[PDB]
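Only one protein chain is missing; all other protein chains are in place.
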């Protein structure tokens, strides 16, 4: 029922000069142009979707483009639609979710396997790799982060969890969910509180409120849209640096206007370049690009 | 049960200098700045949501803005979330849908009532009024257009139907669905074939395929998205003229690059400025703004 | 002394798939890829430099790119460096200027010959050809516009004059300078008043003040910068539609924010799609991209 298997998992490799939306498997991976080299020079970013979704959705493809259009980025979108239960939503959602939930560790091993090859067969340093995951894909990402460590490879430079799935993980121990230790830097974007979780999970946790996303609708009816805003938020931050600025999580957070690079953080690829750590409040707009300020820090 | 009432219908009125997202009713309407004048000079456009939705969602507010930012547009977003069952999705979808569908002529009569006022008390000419409506909203708009003709006001200059609901309407008589005679020009955008309908409904029917929108995911799992794409596609056509060019529906459609204003049409507020009528094929891209060609015709 | 001669005039043809910064002549031209076909289907735009300048300069290469990048554009930059005295700035500037000024009708004839060839041998319709010229290159382009008429080819769709040289032209009759009659649409960008001229010369005259451009320096020391600011402005307007919005020229010009498409005009390739004609005022910002509004109209 909505099964897992390595031959069933596929990838889409995108570089500035390779937008062929073709799918590769661990076999056909070497047939990719960028993989015809002996050394891969680009920054590598894996993107993994969650429950009942797929790599070729608008939101994830946009993210792949905003990265690939930066120049030295090789993007690998991980597609596990089958094990994610996407190929069959016929009823019992709660049973399905629980199946895809448990498949998260396997897709994570898959990612780690591909990672081992980039490192040992293409000379890609771990400092050059990042994982990006949404909902269940976020836990997938961390399990991958745990696995590479086990494989004696070291830690990923950064793992970005886009609104990490809450049910079945909220109160798990660090070993059974995305966790602040899975990479050198773990960046968490929180947007929904039913499909997602307010629970703190990374080096830095950005609390884009963090529930009832503005413009998404009513509190629960709009839950799925608030869940998806995490993917769209991160994309705008890749596109426009400092689009979203976060302030030290407070009951009376200061305004973004008062920010300095010593206590606030610009959500995005360079979040780790800012020294402050922990939870941050991050106000947002109701329509794209949602940015909460024009200045940079 | 998901009931209708004039006093329950609200409006959000937007103009370049009146972004107040406040709600008015046939009573509080006269209190709006734009309605304190004795003659409204703007082009007036009604925007109406469909099943289990509401006027202040991102997509529609973004449409209301793309219009108001042009300058002489007064935008009236029709909100009927209760008659549309928004406020109570508690199980039985098929029964609810039927009440919302039934409520369409009522909201339509409501729109016609606001039109008779624009016409008679504010001197707005029917040539200056357009209706836009999504899913059930489209049929609502059609009823409004039929209603005004019965009221002796003549026809609206145009009614735009974005992916008109199919279940309960696809095989209706012209009098019980949005129809090509409900306005001087009726522009229909087709994007999904289960929630929407492939059947011809207007002066011009743009078939952005028209099912399984690109980037929306798998066939049925991405139906809700495909259905919503029509609101986004149009909005983008409002923002960028000719974003989406349609070629005469062919089993072997010619490329958009070969188009001339004589056989092709730019989906939008000015589609009627193009002579070709009938069905058109409209290729689309997988990510906003989806446009299919840089050229203008 | 700073002589004119057909073989000394050279061209650079840039298409999306041909950025070979190679020079061709009326001879070696047929050897260019795009000219190996029987018919050229791209939109054609000539770009002509001014006194003591040349085709392969930054600003003109930037404009060539901003065009080509927009899909169906075939860019031909006219290089007449010797006839423009570039190749010999040895003293008496005022004498050299007069030399180049006389050569302007000759380079114009040349462009007209090339136009005759695009039309007759490649079936390039005049409606598909535009000329952009700066300083002395504007007059050159106007003379080109005259020649083609004289040649019985009809008119260019549009001639765009970026800060037309003032000295030796400002008070010439229409037959001896760029003139509103040289093409169907003539777009004049005014930026400096000593090197350029305030006099009206087109269907539309945009007065980006029009002298002492912001950020150019002191009134007369920055003359040369204000003069070049015409080319840089046009490029940003090809890049960003409505980057620069002109309001009706007035003693007390309304602000750009109050604009609508019926009285304002977005400087650029699409200016003529805007109904208002005449002189416009265009406030500008002091640093690239200089745009004066985020809204489009």
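Each chain gets a letter, A, B and C, in the order it is written, and its residues are counted from 1.
One rule holds in what follows: contacts are C-beta pairs under 8 Å (C-beta built on N, C-alpha and C of every residue); 3 or more make two chains touch, one makes a residue touch a chain.
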- Note on the structure: Answer for the absent chain's shown contacts is A, C
- Contacting the left-out chain: of C:22, C:56 or C:241, that is C:56
- Of C:22, C:87, C:176 or C:263, the one touching the omitted chain in the full complex: C:87
- Touching residue (missing chain; options C:216, C:245, C:265 or C:297): C:216
- On subunit C, what residues meet the omitted chain? 52-54, 56-58, 61-62, 65, 81, 86-87, 89, 215-217, 221, 225, 286-288
- Note on the structure: Interface residues of subunit A toward the undisplayed chain are 16, 41-43, 70-72, 260-262, 295-297
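Note that only the chains that are shown with their structure count from here on.
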- Distance from the mean Cα position of subunit C to that of subunit B, given in whole angstrom: 42
- Query: How big is the gap, in whole Å, between where the Cα atoms of subunit A centre and where those of subunit B centre?
  - Reply: 35
- For subunit B, residues that touch 2 or more chains besides their own: none
